[PDB]
Amino acid sequence: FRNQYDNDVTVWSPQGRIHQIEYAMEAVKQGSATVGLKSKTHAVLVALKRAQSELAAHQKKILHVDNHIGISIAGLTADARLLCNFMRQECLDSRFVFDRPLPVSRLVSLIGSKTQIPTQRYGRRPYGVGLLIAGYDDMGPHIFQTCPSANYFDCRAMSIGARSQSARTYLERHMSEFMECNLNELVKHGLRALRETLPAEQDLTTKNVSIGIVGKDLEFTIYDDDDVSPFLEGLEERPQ
Amino acid sequence: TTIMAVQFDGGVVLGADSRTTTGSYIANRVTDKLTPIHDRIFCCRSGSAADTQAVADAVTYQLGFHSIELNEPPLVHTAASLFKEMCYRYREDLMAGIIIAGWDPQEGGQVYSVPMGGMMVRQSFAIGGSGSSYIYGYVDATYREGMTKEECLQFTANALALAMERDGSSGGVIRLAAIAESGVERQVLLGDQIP
Amino acid sequence: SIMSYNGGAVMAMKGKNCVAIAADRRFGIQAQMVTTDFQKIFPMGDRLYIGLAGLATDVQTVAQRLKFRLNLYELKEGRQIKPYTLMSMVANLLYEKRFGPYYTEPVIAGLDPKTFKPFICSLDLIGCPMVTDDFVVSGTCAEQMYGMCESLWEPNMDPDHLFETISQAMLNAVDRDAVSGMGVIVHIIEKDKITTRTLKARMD
Amino acid sequence: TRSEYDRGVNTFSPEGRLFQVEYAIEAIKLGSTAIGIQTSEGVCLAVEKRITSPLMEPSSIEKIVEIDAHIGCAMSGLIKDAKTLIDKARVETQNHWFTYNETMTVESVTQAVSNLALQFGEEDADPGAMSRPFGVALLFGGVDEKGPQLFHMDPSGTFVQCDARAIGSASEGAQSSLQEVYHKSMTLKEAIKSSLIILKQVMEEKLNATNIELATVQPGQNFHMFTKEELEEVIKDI
Amino acid sequence: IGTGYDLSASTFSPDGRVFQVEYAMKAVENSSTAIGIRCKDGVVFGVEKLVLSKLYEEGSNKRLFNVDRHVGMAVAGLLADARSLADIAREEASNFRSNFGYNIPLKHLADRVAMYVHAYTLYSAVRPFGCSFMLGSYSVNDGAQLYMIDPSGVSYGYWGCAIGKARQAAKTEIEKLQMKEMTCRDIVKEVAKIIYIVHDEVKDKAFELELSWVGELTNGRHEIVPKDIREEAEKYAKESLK
Amino acid sequence: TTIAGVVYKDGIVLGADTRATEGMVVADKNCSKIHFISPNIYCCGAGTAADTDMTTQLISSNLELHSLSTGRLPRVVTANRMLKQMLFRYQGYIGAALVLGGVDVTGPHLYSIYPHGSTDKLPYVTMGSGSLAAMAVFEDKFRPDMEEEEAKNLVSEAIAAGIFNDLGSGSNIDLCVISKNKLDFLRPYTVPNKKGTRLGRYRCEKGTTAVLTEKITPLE
Amino acid sequence: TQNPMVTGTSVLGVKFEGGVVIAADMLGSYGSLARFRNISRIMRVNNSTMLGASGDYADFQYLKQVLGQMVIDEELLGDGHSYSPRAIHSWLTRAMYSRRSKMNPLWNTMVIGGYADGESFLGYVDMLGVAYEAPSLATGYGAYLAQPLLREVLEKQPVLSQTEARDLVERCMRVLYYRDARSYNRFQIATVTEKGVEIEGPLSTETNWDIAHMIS
Amino acid sequence: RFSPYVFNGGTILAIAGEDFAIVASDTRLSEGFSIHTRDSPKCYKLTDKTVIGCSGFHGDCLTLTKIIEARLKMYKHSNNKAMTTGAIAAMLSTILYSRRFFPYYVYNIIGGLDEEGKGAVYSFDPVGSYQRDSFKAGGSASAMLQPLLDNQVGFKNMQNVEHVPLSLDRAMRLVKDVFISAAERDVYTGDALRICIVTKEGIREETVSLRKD
Amino acid sequence: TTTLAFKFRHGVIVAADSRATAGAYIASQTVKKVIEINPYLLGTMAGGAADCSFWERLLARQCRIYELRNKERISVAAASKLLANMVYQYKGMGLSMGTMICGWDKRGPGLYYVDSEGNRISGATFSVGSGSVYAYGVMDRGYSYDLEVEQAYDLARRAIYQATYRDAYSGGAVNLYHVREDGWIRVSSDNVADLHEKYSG
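Heads up: the sequence lines are chains L, N, P, K, M, O, T, S and R, in that order.
Take the first sequence: its position 86, counted from the start at 1, is 87 in the deposited numbering, and no numbers get skipped.
Take the second sequence: its position 29, counted from the start at 1, is 29 in the deposited numbering, and no numbers get skipped.
Take the third sequence: its position 157, counted from the start at 1, is 158 in the deposited numbering, and no numbers get skipped.
Take the fourth sequence: its position 232, counted from the start at 1, is 235 in the deposited numbering, and no numbers get skipped.
Take the fifth sequence: its position 123, counted from the start at 1, is 125 in the deposited numbering, and no numbers get skipped.
Take the sixth sequence: its position 99, counted from the start at 1, is 99 in the deposited numbering, and no numbers get skipped.
Take the seventh sequence: its position 40, counted from the start at 1, is 40 in the deposited numbering, and no numbers get skipped.
Take the eighth sequence: its position 197, counted from the start at 1, is 197 in the deposited numbering, and no numbers get skipped.
Take the ninth sequence: its position 126, counted from the start at 1, is 126 in the deposited numbering, and no numbers get skipped.
FYI, nobody ran anything at the bench for these hints, they're computed from the structure.
Incorrect hints may have been included.
What the hints assert, rightly or not - Here are the simulated DMTMM-like pairs of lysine to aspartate or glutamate, each with C-alpha atoms no more than 20 Å apart in a straight line:
hint: 1; chain 1: L; residue 1: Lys115; chain 2: M; residue 2: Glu93
hint: 2; chain 1: O; residue 1: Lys206; chain 2: P; residue 2: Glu165
hint: 3; chain 1: O; residue 1: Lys29; chain 2: P; residue 2: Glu151
hint: 4; chain 1: S; residue 1: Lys76; chain 2: L; residue 2: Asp100
hint: 5; chain 1: P; residue 1: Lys201; chain 2: O; residue 2: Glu214
hint: 6; chain 1: S; residue 1: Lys81; chain 2: K; residue 2: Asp147
hint: 7; chain 1: K; residue 1: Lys187; chain 2: K; residue 2: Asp147
hint: 8; chain 1: R; residue 1: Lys71; chain 2: K; residue 2: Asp147
hint: 9; chain 1: S; residue 1: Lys45; chain 2: L; residue 2: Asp100
Whenever a hint applies, use it, and build me the whole structure from the sequences.
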């Protein structure tokens, strides 16, 4: 087997790749799609909730870590949850020692440092969770996407997960309004993005969508079926 | 003791007495408080002798490490920093006052003092020890700026002579060192040479 | 005053081709009297005996760890322990706890296994080794036995004379102190016989 | 060639799957069928005994246990694995009743248990812990400030609020039946009747008193495991 | 091909070579291209950053870091590797300042970071840092130095070097430039045109140029090129690239 | 306790007492204070006797290992460096006053470590409780660059003044002489005071002591 | 630090309309003895915040080294954010409280001030963690002497002019020298404003010996 | 050789009304005979129906408040629910006993709303003991506020009086008069007062000055 | 404090005042001394109030764990020994404890006294606190093993009031509990003044 080079993260391919890292990268492609948008003063995280069966609740994909910073997970439940407790502990430690919120860029930098150790050292499996980070700090809203290759990017938007290329090309079609949009406009743009991800037979129902919005004065608040109801009342109809 | 070191244009002159006692009994009257830490950086030691020698060997090792890694002699600032951190990290257990005198090509002759408790500071004259509470007025009255090597020598001779004749914790001989670009000159004053 | 907390009295003697070791039998707390069967003299061999002075329980502990380590050495080597090795061994056993010192001042005596030359040694609380060609005492009666063994001992002393000298010395020395007394055990060991006795002194 | 990735939990498939975790998941189907249903009046837990011998003491085989008087449990998988899980859950509930002196919610119960779970690939196992994924699927039900609540726990550490979930050997079929037999307004008595109906349709043998363990948790009373007479009463109707 | 020898970094080859560091070489040569040039009174850095998606914000994955106030950080390879190496280098510089009380020389920092990256090269439970990074500084009493340190662990002194898919290409067109005399003002132009000519437009398009420098022009302080000088460099590039 | 040390024209001479006291009562009159470390270096201890003994054997073993690994004769600076490092390790908790003197390829050397752990190189130095009398002689009669036999009687009268001016020293004198081709371990060098003759026999003959019981155990 | 060897003079802090003013002497005093007379007890940490100190200069240099490392890291990540004066106040409080709680206290009465986003901050953490934000602060014997004076000058007018604040701190240092023996005739003024932090000094003292002529 | 605990005084009064809790403090921050600053409130809001108030070693006060906010943060993150007043009380007891042999030198008083919209005041001994009360004063003037509140609010040692309940304005005038008395009586307190009321709608605050002397 | 708990043929009672003082000033008069740790097992109060509350809440956690693990109710003897050991490792660095472990289990109604010093002693009559001797006198004058439920209640109230009356560090309210095979019960809580009126004549 020529793929004896993908059994641990500590071996390189003959062509200079770490195939285990690439498999971890592709792992988050399995999870459900999730797209985020940010305005002049407001950043939104909208995700597509999934359920094991219709007789049970949908899997939460938007996680609250601190009043100003919020995360969205796509990938392994275990790794994402561990990253979430790590995020909460670090945000609290920052609030305790500096009395200031953890910067989005600094938080994502420590996330990268934490998740690089499994990539570099034998032992812990690489953190195979795609994280969408949306928060607020001195220069306004930020959207940070932390790829499971222990890499992160400052993005205007990103959709990570299953069939996320459709949302990616939707946002590629629709940059020109993201910067100047208000809450409702950006929310409807994100909903159209997920609807692009979602196939024809399915639609963004109340139980299907999860919306998280942060801003300058508005904390990272996550909406649910009853809470997403006013935001989806302004939503248009699917252009089918 | 009385370790007074004063810098001049071109380097620094450092002097000390030669008295070490365990109680009222003079244990050793040939004590040298000037321990060469490197080729062109020296030190002046006050307080408990064992601590001063131990930290002297430790910093000798550390700046030897640094000088051999950079292939360049250390700056006085780095050395003084090593003494500062060493003193602070043991300040609850360290009873030792160190004067870091020396010359380096980067700036020239520098006097750095780390007294009891570990102030990393620099100044013109660095007088230390139990005998440094007597000549302070004497140096302040005899302080002038820019003593040549001869004038620095006389400043040292007279100042440590007043410390010698006035204080009972300073005795024996007077040891001097002159550090410059030419190198280091070490001289000793005894007999009729001390005023 | 730690020595006075239990007390004791031991003495070691040698003669011509024989050894005599004597020890007190009293056991009692710093003020009150309890028993008279305390063992201060211990057999480290067929001709090796060690006398201990210090806290009673400290004495027993050091004796037991000594016996353990000595049987270990004897099993490792298969040979009888030559008494200078014993003195260095006991010095190490005391010293290895310098910061936690056992307030115990022991003593040893014996003979060389090959040439049958008697040897005695003295040890300090923190474990200062010391050897004498004449005599050694430890316990609470150090001054009196020291002085009267200085005034009584003679070199090259015959075995029967050795027993008589040790008996008289130990009895007339223990007549001068109270915390150690009320029965003394005397062990004379020669290369041919081991006569274990207990001289009749005062029971007071 | 999957074989290079099943060996060990810290391996990633070319499809990014955790094959060790998937094997642990499938190992749940080795356990007996457990069915829990959530109703406004409470939650009831029904399980299969799978008694190996009539000489067995039925009290020993435990498919439903009590973590606290207000909460209930159901098991499917390894007996010892679930034993450690349940002991940790009880220790955690007493930890909460110590720290906050309150009754701790079932979602937080499954949170803490899942915290003990999903820790197999964690460096904190140096003192000693799971080097392998926990091999039992957990069914948590009870009443808290949000009324009656039932949560299903996945050996991977995932949890979901489920109105009616079935775990064990017949999880697929029992879930399919519960899909159409469940209504939101179902009463406790009719819910338990439906649950025993599903067990009868699912279980490999006939339903007798020694084939089913039954549990109920309601806001009124505490955790009650159906006794022999209560089991007979609830089974004579069906 | 060495099969049976390159599964670990502690195993030599029959020819006597560790294939893990050679594979790290291969990975670096399969990475982006970064050039640096040391001027008369400072050093400058240049990064060719590919915008993989316009969705990415500008300044994302910033690659010209600064380990210390007077020390920059250019690097090519894995961004996670780059950040981890930058973090350990920053901790090393902070420890040097805490213990020795003055700025860290570039050569000494390079030696320490090379020793640390070697410590990850020769173990079996870890992997060599498959990223090549640049060290640049300007000290008024020491001078200007530049260093390239690859995952092989060798920290050699280069006047101005490049790393990436156009290593030899950038060598060919940086050799023709005369270097030792002009300062940053007359070196930023050359860096800009060099970076804009090494990049391939038919394949691996969509790149932007970011620049940084250290020297007395900012008082021995590393910082990104000012926006005015940045657009001036871009204008000289578009004029010179014709 | 008295320890003294001088450097003469060619080597080192060491003088040590033999009286060991615990409390206010002497323990032994002929203790050995000149301690064997190397066939070319020697030390004298003072203070806590057990501490001096154990530190001397420890440094001698470590220095023997050092010399055997090197194959060269050990140097005084090496021995004193390890000695002072280990003395300062305990920070005065050991009451061990030691003086170290020997000969190396660089010449004779003589160092003195106080119990707290400080040292200094001296052509002539003494320590102990009787250090006052010895150092007074050291300033009174000592001469540098001074021959071997005159070194011997110099040290002998210095230690004699120590014993006759202090209670804690005497009853023997032992000297150690270090040279590039000579090691003279004089022990005892000269007894200064022999115990007086006993005038009266206390008549310890047979039958003077009664016994309780008899028990006979043959061996060999 | 269980035995203080080197102490600090009074550190005066007043927030005026336009920034913050700190003054302290160069008296690095070994007990009562004026061991040093040219040590700058005031030194800035960043462009928008600064700090002066009293107590042992050793832990003060420990702190300026640590905080300088933190702020160089802050400007090293290049994140735009800087430690707001609230942030330095919080770090000092938690760090020195924890340092004390392990019975190794930082014997330093600490003054922290700053001018950010148009708002003036003036915090003071003591030897033991008692910290607050107030318009006027003083340390050492300053809390006894000038703090009542600053309170009097602020009770009727809490806002003070830049020249008014400068003359106020000069007069407070004057009365400090008049009534305290742990002061030197030289003080550093630190004025942190919108345009930044600036450190100046020193100035002398003049005693009206009319006390001497009518005491005779 | 060192004192880790310096006295700082303070007075924390918490009267829990019928459908509200009224929690009060004085913003005087002074040590021994020196005064640090007259503006330093001793009231700390935790959540919309729970507000902590603590007095004693001021560094211990601020560290305690930060710790309780941190524990609140984990409780909200994990249990997804804001905890009750009794939960915060047990939290305080646990955290205070966690440093039992190095005691947190602080008098803690917590006031908030119970789950039925009922007043909740928990008196906290610095050792860790806690009780449920409708009223409690602590710090430096607890001994003098206790009996007046007993006779007027607790209806103690008074007869021929209808056991009337507490009101909003009635308890408001109550607490105002009791702080006027407390400031005019004790020299260790003064320079300000802070009064906080928490009821069904939320929390309210008001500041009244007092004698400067 | 003052706690009395004596065993008889019908069961065991417990006594408790409610006065909490810090030196001279009474910290509180509404202190619940005896702790309702477990519905069938009762814990008392003495020494450090928070020490007692913490240790009894630890013991409550431990017995809940035991009854949930072994699926059987913990013995009173087991609980008393558990308290003794769990506080013993804390002996010597500042613990202040005195406590009675009272409850009825399969071996009859049990009562053991645990303390910071180290005694875990059983026995019929247990009195600890400031007014321990005052309660002991009246109880031993009135102790008979045959106290019937109503007369046991009457003599219980008599002795407990005598204890809370004769002491100077005691006062406030009174806590009284009785243990039976179905668990413990809160019998009554009579104040010092009302019970003063009742027992004056």
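Outcome of the hint check:
1. As the CA atoms of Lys115/L and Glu93/M are separated by approximately 15 Å, the hinted pair is consistent with the 20 Å bound.
2. For the proposed pair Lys206/O and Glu165/P, the alpha carbon gap of about 6 Å is at most 20 Å, so the pair holds.
3. Between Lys29/O and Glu151/P the CA atoms are separated by roughly 12 Å; this keeps the pair inside 20 Å, and the hint holds.
4. Note on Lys76/S and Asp100/L: the hinted pairing holds, with a Cα-Cα distance of about 19 Å set against a maximum of 20 Å.
5. Taken as a hint, the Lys201/P and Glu214/O pair is honoured in the structure, with Cα atoms around 11 Å apart against an allowance of 20 Å.
6. Restraint check for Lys81/S and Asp147/K: satisfied, since their Cα atoms lie roughly 12 Å apart, inside the 20 Å limit.
7. With a CA separation close to 19 Å, the supplied pair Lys187/K and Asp147/K stays within the 20 Å bound.
8. Taking the CA atoms of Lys71/R and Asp147/K, the gap is near 23 Å; set against the 20 Å cutoff, the hint is violated.
9. Distance restraint check for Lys45/S and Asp100/L: the Cα-Cα separation of roughly 16 Å lies within the 20 Å cut-off, and the hinted pair is therefore satisfied.
This entry does not satisfy hint 8, going by the numbered hints stated previously; all others are met.
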